[PDB]
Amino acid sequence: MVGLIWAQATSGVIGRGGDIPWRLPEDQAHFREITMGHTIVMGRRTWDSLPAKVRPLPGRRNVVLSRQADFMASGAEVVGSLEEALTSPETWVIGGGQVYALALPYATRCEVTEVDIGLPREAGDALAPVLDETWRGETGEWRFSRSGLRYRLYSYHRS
C-alpha cells in the first residue's frame, strides 16, 4: 500500500517559500497519528523544510528522494528514485508537491487536511495533486482549530 498525506489550503497550495503558509497543530497531530510507526517518503525539499528538531521524523522510517549524490540526510535513507523509495509494504508519501505527483500513480490512499484559508495558487507554490475519477472520497466536517483556523479532513481510496 502507498498512501499520500498532505495539508492544503482550499486552493491546493501546500507550500510557499520553502515553508507551509499556516500553522495548524491539529493537523500536525493528524499527520503524526497516521504516519507514526510507518515508512515515510519525502522530497529533499520537504526534508530541508522540516524544523531541525523533527528531522528525522521521530518514530517513522525516514526516506528522502534526492538526485544529488552527495546528499546526506542524517537519520534517513537517501534514495535516487521513487521505486527504491517505495520498498515498504505500507509507505506514507508525506513529501512535497513534486513528490506527490511522482507517487500518485502508485497510491491507493490519500489523507488530506483542508485548511480554510484563501491563498491563490502561484508559480512556485508546492501544490496538492488532483485526484481523478478513479478515486473515492469521504469528506469530514469543518472544524475550528484552537487557533480559529477552520479545517476539514478528507480520506480517499481506490482499487
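What we label the rigid core is the largest C-alpha set whose atoms superpose within 1.5 Å from one form to the other. Numbering follows the first chain given and starts at 1. What changes on going to the form deposited in another entry:
Once the rigid core is overlaid between these two forms, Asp70 counts among the residues whose Cα shifts by 2 Å or more. After superposition on the rigid core, the Cα of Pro51 moves by 2 Å or more between these two forms.
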Contents of the next structure:
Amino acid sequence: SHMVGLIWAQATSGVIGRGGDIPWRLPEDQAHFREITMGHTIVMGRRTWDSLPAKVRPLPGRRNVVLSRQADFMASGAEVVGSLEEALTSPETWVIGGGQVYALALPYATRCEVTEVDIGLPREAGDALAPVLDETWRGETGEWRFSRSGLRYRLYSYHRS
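Having seen the form deposited in one PDB entry, can you show the form deposited in another entry?
So it's only the chain below, everything else dropped.
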C-alpha cells in the first residue's frame, strides 16, 4: 500500500455526470486520464464497472479493481474487492468513480488530478458531483487551453501529506 489518488473531470460547478453521461465531449481529457493512470491500479465502484461497454472494460494497461459487496460478482479481466482498503494495496492507485467510491476513498487520498471543463452547468438534483477539497490541499491550477473542438479546459494537480 502506498499512493492513493483521485482523478475526475468536472464542469466549473462541480457536475461530473448528468443523466448517466459525461456532459461534454473532450478527447484531450481521455488522453489526460490515460496518461495519469497508465501502468497503475485503477479502482472503480461496481455501478461504474457495469456502466462501461462490455468490450471496453477492463481498461487496458492498468490493474482494474472493482469494489462490490457481492462475492460472486463477475468482472471479467479485473479483480473484485469487498472493502476499499483492500483496493489500495497497490503501490499507486487512482480512484476513477463513482460518487460512493470517491467518498470512501477521499480520506486515504493524497493526490487529486482534476480536469475543469469551462462549461456553465449549474447543479441539478440527480447530478453526480465532484469530491469537495479544503484549504489543507495545495498545488497547481494550470492555464486554460482550447481543445481541438474549441471547448476550454484546465488541469488541477493537488496534494496533501
